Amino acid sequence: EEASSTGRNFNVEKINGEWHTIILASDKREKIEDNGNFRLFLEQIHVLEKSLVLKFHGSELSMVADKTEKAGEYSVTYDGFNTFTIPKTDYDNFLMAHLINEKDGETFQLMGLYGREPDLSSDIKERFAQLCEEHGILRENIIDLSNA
């Protein structure tokens, strides 16, 4: 089964555990390039009653994402104000996240593809590219980090 965090049958507990950053995408490419604040490598998600604890490196970083008032949406303060959802996950292989950042009165979109293993199939990477396209993010703004 596949699910969206905003969908009726979403099971948040099933996203608990090991994840890896496979691909990042943004309509502001500099945010995810070599010196970008959002070039972050996920390690794990810890699901709590009202929050998610996200463990990254990029130096160790831990972030707490709180549930907002809309089901399946989370918020976190990091280089501005972020809200995100999980438009598509199959729990066992991949997780696709869509994030909006707001800083200094501006905004940008970030999309992330995360894997249970350190890489994902070409098929899943293509599905991610399609999801990015649906959000107006060109492939040239999609960066595969599985080799990094």
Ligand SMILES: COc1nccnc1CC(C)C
The other form holds:
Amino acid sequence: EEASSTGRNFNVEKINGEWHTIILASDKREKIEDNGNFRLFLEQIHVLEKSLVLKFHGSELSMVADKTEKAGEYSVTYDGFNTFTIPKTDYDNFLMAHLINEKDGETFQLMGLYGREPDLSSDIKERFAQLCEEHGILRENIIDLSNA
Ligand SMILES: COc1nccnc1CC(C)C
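Now show the form solved in complex with 2-isobutyl-3-methoxypyrazine, given that the preceding structure was the form solved without 2-isobutyl-3-methoxypyrazine.
Up next: the whole complex, starting with the chain shown before.
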């Protein structure tokens, strides 16, 4: 079974626990390149009543994302103001996130593919490339980080 965070049947509790950054994508590639502030390696998502605690490394980094007024959307302050949703997850293998960052009057889109294991199948990675395409993000702006 698959779900979107904005969908009626989304079960947020089911995204709790271990996750790993597998692929990141951005319409501003610099943000996820070697010195980019968004080249972050997820470790876990802790689901709370009205928020998600996101644990990364990039040193250890912890972030609290709060529910917004629209179901399935969360906001967090990090290098600007961010809002994100989860357009597709199967809970047990993969999680695809779409994030909008606003900083200094500008914006960019970040997309992420996260896995329960430190890597994912090529088929799932292809589905992620398709989702990026739907959001106007070129494959050349998709960076596989599973070997990094
Ligand atoms: C600030 O968020 C992020 N930063 C870097 C990579 N991925 C995300 C998305 C979260 C939802 C896992």
